[PDB]
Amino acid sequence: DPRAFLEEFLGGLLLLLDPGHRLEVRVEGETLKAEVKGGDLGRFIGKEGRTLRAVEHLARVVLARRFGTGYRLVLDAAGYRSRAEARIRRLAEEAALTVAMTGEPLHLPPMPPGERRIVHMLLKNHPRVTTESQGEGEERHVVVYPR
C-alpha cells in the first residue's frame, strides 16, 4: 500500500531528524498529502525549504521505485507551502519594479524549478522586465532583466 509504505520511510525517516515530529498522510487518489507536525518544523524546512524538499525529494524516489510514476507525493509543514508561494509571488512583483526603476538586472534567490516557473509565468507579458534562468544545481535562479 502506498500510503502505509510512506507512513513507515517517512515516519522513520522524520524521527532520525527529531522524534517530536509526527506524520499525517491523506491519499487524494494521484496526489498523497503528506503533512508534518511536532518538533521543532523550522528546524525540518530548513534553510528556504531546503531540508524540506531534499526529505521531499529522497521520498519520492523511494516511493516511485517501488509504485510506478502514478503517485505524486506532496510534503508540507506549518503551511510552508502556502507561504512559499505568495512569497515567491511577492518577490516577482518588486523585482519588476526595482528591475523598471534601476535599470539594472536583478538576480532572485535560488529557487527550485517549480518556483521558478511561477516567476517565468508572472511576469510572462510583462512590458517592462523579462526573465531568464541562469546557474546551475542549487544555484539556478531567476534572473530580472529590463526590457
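Numbering follows the first chain given and starts at 1. First, how it differs from the form deposited in another entry.
- Going by which superposition fits each C-alpha best, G68 and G11 move as one rigid unit between the two forms.
Having seen the form deposited in one PDB entry, the form deposited in another entry:
Partners and other molecules have been left off, which leaves just the chain.
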C-alpha cells in the first residue's frame, strides 16, 4: 500500500526532525499528498523550502523504487505551497507588466517544471505577453515575450 509505505517512511523522518510533527497522507486525483502539522514548521520547511523539497524528493524516489513510476507526490506544511504559488503568480504578473512597457523580453529565474507551469498557466491568453521556456536542467526558465 503506497499510503502506508509513505506513512512509515515519512513518519520515520518526522520523528528525527521534530517530535511535534504529525503526518496526514491522502490521495487527491492522481496526486499523493502529504501534509505535516505541529511544531516549528518553518524549521521543517527550511530556507526557501529547501528541507521540505529534500524530503519530498527522497519521498518520491523511494516511492518510485518500491511501487514504480506514474505517482505524483506533493508534500506541504502550513499552506507553504499556496504561498509559494502566490509569490510565483506575483513576479510573473510583474513580468507581464515590465514586458508590456519595455518591448524587450524578460528572463525569469530558473524554476522546476511545476513552477514554470504556473507561469505559463497564469499568462494564458494574456493580451500583451506570451511565455516560452529556455535552457536545460537547473538552467531552464520561463521567458516572458511581448506580442
